[PDB]
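As structure tokens, one chain now follows by itself in the form solved without 6-aminohexanoic acid (ACA).
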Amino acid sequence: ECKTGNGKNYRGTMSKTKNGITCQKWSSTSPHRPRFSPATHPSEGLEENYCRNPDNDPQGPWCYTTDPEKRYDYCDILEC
């Protein structure tokens, strides 16, 4: 678990955002409804509640949040 680039191929194990709030399972639909999931983007690594980049976001790995008022947010992934 290290990152390189926008973290596109990142198949790491981090499950909390940069502010230490824990990620929402990408399969789950609360508190937020994900626009990306394992059923639609099977090649994207949407397993558990880990930090991915299904959309080649320039800011790197993010995940759906568990704080009902925070939709998504980035992950502090060690630099590779």
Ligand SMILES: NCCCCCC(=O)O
Given for the second form:
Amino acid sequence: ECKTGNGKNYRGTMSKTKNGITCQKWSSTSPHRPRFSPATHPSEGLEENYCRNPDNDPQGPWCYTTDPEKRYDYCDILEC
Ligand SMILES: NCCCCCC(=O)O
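Having displayed the form solved without 6-aminohexanoic acid (ACA), please output the structure of the form deposited with 6-aminohexanoic acid (ACA) bound.
The next block holds the full complex; its first chain is the one shown before.
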């Protein structure tokens, strides 16, 4: 939805990257094994396949992708 700062606290439901590719579920290990996930990062709200900023990357909320050749990509939430 709307994001503030780096979207650290973003809890919106975008599920596709800025490029229109659908995100992979954090709880999943295919096509990509996540290094960030609910088991390991309990407080980051890594729900489903939603865009999240677990590492606070300055480019914003991102997600693992369903493209075996694109491990992760940033999504476009609008600035609150
Ligand atoms: N800064 C976003 C990308 C982090 C890489 C993702 C990972 O391999 O856990």
